[PDB]
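What follows is one chain in structure tokens, specifically the form deposited in one PDB entry.
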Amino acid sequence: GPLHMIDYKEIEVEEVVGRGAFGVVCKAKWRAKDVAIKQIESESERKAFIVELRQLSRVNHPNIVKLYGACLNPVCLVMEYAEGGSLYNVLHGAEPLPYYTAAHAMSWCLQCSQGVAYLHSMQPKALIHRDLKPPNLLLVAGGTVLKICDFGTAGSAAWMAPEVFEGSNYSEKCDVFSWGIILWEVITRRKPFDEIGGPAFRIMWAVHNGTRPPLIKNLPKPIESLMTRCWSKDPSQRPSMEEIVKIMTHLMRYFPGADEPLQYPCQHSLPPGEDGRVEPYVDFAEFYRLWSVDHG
């Protein structure tokens, strides 16, 4: 649809806000509007650039970053600016970190699944993101609205389905695995496979052998089932994104307050796992109370 060929002179480039999965992202102004501009640095990043330009111009969804246009002198994309930064920074960035609730955690994952389900429903071919992870998930509207970005492939071993790095043939089900890891990550406020570390191949080996993130103490059984289904070794046993959207949509009845902006401070550090399980960062006592009222 609407896509502007942009004269660079019209872009007032403010500060560098970070590096995307490729390129460099700057806060900028264009037509008196706040935008993000993504510029390639290397000549190698040109492939990711054409891919992203093609893919992002195809897509129109509330949970996918808006592409306003492109400049070719110099080669850069002009996109929606995400004032809340990345989910990864919200979760794991420098202190002070924001407080967030079970409702936020569930809402972010629902919104991610809605974006990805839209991708998987594209005609004539499904669009696969292939690099779903909190660095590539952005927040707007006081941290309450999530948008997928970094479509240059449409650092990442901790979210990658084992069939992807096994060089095996794969499908949209790879995004489902990634989503399952993200669900664990927002609930625990832990970096997946942080304890392994090393170089990437050590994570790949672990996941390849069936290592998954530790189970979560007092996690509601339906959330646990959904999570562990998503990270099945066999991609055909993983649910479709359409099913995840439906399940997560119905679960939100038991997670009111997702519309509350991130505004409260938090002082957060990690206790190690008591058994083989970890504590959730979020609290499920309210979920269980609301469930009990509804069911009996």
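Positions refer to the first chain, counted from 1. So that the term is clear: the rigid core is the largest set of C-alpha atoms that superpose within 1.5 Å between two forms. What changes on going to the form deposited in another entry:
- With the core held fixed between these two forms, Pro74 has its Cα displaced by at least 2 Å.
- Annotation for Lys47: C-alpha shift of 2 angstroms or more between these two forms, rigid core superposed.
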Second form
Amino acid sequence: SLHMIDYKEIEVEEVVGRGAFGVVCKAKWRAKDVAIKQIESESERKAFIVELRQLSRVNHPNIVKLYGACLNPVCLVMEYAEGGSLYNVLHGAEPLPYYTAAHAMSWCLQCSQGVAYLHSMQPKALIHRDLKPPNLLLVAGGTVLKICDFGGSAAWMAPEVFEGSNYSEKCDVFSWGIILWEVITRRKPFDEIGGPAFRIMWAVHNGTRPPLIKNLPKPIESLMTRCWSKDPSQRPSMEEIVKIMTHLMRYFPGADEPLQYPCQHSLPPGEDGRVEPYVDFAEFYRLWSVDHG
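Please could you give me the other form, the form deposited in another entry, since above is the form deposited in one PDB entry?
If you are looking for partners or other molecules, they are not here, because only the chain is given.
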């Protein structure tokens, strides 16, 4: 089932961006703020059809909603994420918003719920392959995460993918582990390396991982490091990550609070492979202690 939309019913506004193919503009349709993906060359037709068949096969609260599509000319109608991407929220232009440990943990749970859903696809699992914060959009005051694919990814790539190896849906698990580190620390992974992308590939292939987080709870540290293991078969499945993350949310109240506070940013270079979290874990420890201790 595909909701047919006539191009005359759409009021195309400003260009938002350009992915591997097509053009994404902001648009209006049925008294609502929408996103349109349109074709620029007759070459990208085959690629539009592939996108249209995959976007219309998927239905989950954490995967970008396709509203419908135009046929003449070919155009995709999507929900609009006013909050922009997660990368923009974390590392974008000033003023950047303040966020809590509950926000960081919720975003990652929602990402795992969306990926577990993709991995459960019948008759064949859907592997994202490009899980990273520029591919994650935020809605509902930055409280609700939506997985996208816009077509540099080195920092989040599992080493078996870039090594040429025949990989599995476990490459997404690796990518999720990196994003988890990223939302907790509010740092760009492997930013200190720099240079071209192959320098990141070289380090990660040689065993390099993001630095350890000071005062990071052991249940979270243990989950993070398993996700980024060299052996993909040692990484937990997304269903397990969903289960563990859902259980940990009990100690992370306040995820439904909108992002509305401005943050002032200072990033000191971490020494001895150890960094400070951006988020505060004092409340997690207090709430864990009431239950355990």
